[PDB]
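Shown below, as structure tokens, is a lone chain in the form solved without the partner chain; questions about how it binds or moves come after it.
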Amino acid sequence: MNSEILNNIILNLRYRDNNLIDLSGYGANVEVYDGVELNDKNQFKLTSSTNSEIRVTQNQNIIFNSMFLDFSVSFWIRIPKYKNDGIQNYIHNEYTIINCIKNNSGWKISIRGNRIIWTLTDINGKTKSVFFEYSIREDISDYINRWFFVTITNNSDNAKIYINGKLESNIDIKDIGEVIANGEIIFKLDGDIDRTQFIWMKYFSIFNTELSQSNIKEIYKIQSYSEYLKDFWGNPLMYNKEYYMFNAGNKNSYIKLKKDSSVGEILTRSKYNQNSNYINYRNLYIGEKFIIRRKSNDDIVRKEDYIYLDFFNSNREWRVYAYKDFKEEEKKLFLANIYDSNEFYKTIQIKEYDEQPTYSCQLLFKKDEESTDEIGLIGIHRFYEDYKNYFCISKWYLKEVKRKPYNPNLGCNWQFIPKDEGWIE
């Protein structure tokens, strides 16, 4: 990790012993109230409950306001989807999530529907705001209810917002005077919110430098790294959990067992079809309900694990298999009940070929016996009937995944979508 990053951390809020602590080395006081849900993946949840609050008292014995002339804030956030019957309140109602104010001066992070807002107030009461807005009209959003990485950088001249390491917003703040930035930091939802409103956050940090684009991309990569695969939302991928399947190479496509058949046909997602012309999305809770089974201390799926890919068909667990008789470059997968056959492969190795941050994984068929032989990767392909798109195994992907840079648009890139309280359709 670049010393430009490490040498300049003045607040580093991290999970420790069923608590959040400052690990910067400056010793800020952190009070987590009983309404904050914490987990050992460093995620914390702010709710509408009066006791859902974190109070951080910066160490004013060591931390001087002059340190915040150039400064940056980074965190990950997961902001739930609008309620389809609540779109007006979503669009209009601004709520604070993090507030650092002394005598009406300081900095604030707030949300209004689909925008995240950075506000600076100087000691004269002169305010300037910069914001990031993500679309609520995309077929498939990178942002709605999914973990993403925010970095805000400030110097005398500019306030910038980066999202997943890329610049999204930039305002001139030359006219903004002295900002008191060393006060108490309050993590708490504050505004005209529904009872059901919540925000997830992770890895909240403050740096007493203006982080470079280079520095921000490095933090994004380091904080993205895991030994475990992730789901579509960015949470750890789990065994024994029901998941819809998403194809990162054909985002509007889903798998359905073809009626009375043993193959998965690829169909096009339905779309939001109610009144509001403010919103558009493709349905996520569609197609077969899959479940990942261990082939042989936690239920987390790790890179290189051996798995069965199963799904529920008419009240019974079925399995995804690949025919051993496989002369062509691609072949439809065989969907059937759970049984052993010398005629098919059942064992999948779950892979991450991508070097760059991603929630996609890849699914490699192997022989039952612990062998280095690679059969093929699960993907999509058009087969002669006109041509029709099917759930397939492909030898073609074996060479494509070895190409640099890794192509995230390959049809062998899958994500697993569990039902989530932050996504109601």
Contents of the next structure:
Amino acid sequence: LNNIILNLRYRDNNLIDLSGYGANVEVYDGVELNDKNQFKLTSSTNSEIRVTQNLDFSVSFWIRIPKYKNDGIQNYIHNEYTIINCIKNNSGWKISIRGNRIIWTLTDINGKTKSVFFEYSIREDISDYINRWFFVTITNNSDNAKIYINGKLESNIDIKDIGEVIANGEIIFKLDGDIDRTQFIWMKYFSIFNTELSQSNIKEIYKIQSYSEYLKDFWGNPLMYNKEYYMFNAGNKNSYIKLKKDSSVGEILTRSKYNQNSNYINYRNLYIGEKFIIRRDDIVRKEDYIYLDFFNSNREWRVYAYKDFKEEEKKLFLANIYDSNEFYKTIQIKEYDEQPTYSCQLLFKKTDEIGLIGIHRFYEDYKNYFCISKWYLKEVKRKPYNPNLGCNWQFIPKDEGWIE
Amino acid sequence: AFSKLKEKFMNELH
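Next up, the form solved in complex with the partner chain in place of the form solved without the partner chain?
Whole complex next, starting from this chain.
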């Protein structure tokens, strides 16, 4: 898969063509860049990238699209805006977004237009897509233009009506349309191929570009130390952790949802439960030894596991930071899943294995509690790794792309 | 303070 004509990648604090065809790439001052290959497009005049290139072609990239402002839903749903435009003599292609939709458009020499789109729901309790890094691939031959999302075919339309399409036009990365000053788009790994990629090729590219040295947060950004995170359980999506009133255990409650009338939108709240923080660059990696802490009022507390553990599962101990011979404190963060994910696991060790952190039904009538469990130790070795297991967790920081 | 929390933890374990 060297069939790449443009490969925009980070190098020496700049975005450049690493294809070997050496396209001229101009990044303007208003674009934000990091060494993790992310670049942000804002509403500012000088937030653009300009590419001067040197029917059977493909375009791949990742994207993180901000959640709708609850008060401005109508603009969101109506107002379309271009993010990438490649035109010459009024002919070429453009990638545009209209609310919860991403749109691919081809225009021929005679101004003839056909479009294909992907629409993600804005009524889901927990969305895989909203404000989260996901993978987009767009293939084109003589017959069909189709969109693949995270390696899976989603959309497909016939284009045999369309005449000649001049696709060697200058590529402008820029927000264009009826946009709020607040509007932004994150993108990474923008590539053009001179062939229709197969589904097999795209699953392989998705899995390659899914890998990183470091663990990731809920949004698909790198998991950090000394950073405040709400906690998400992949096995119990609609649950969260709350400290039991004036006690030392973590009870599991159901997330609240959107309250206002507007029946265009539904979601569960993410900024609910205790604000956790991971203790020992400030980047969290596989097999790292950590302390899992949280803030109780304005004092930093800790998640401990009781060393007297004859039962298969037991409630975790939430208390002030204090060394006790009765309690395990050292957790090792794990990534058992071989397939793409933002989930990690939490393993208490002494070097034996005591149990994994999860959620379980304890009797008192029954109730759900934040627990260690020996059960998970066997399940994580089974293949394929089950992504809906209770021992799979995700960290949600505050993000300007998600206001609730 | 830690003691008073550990007891409450023991009460929950019951």
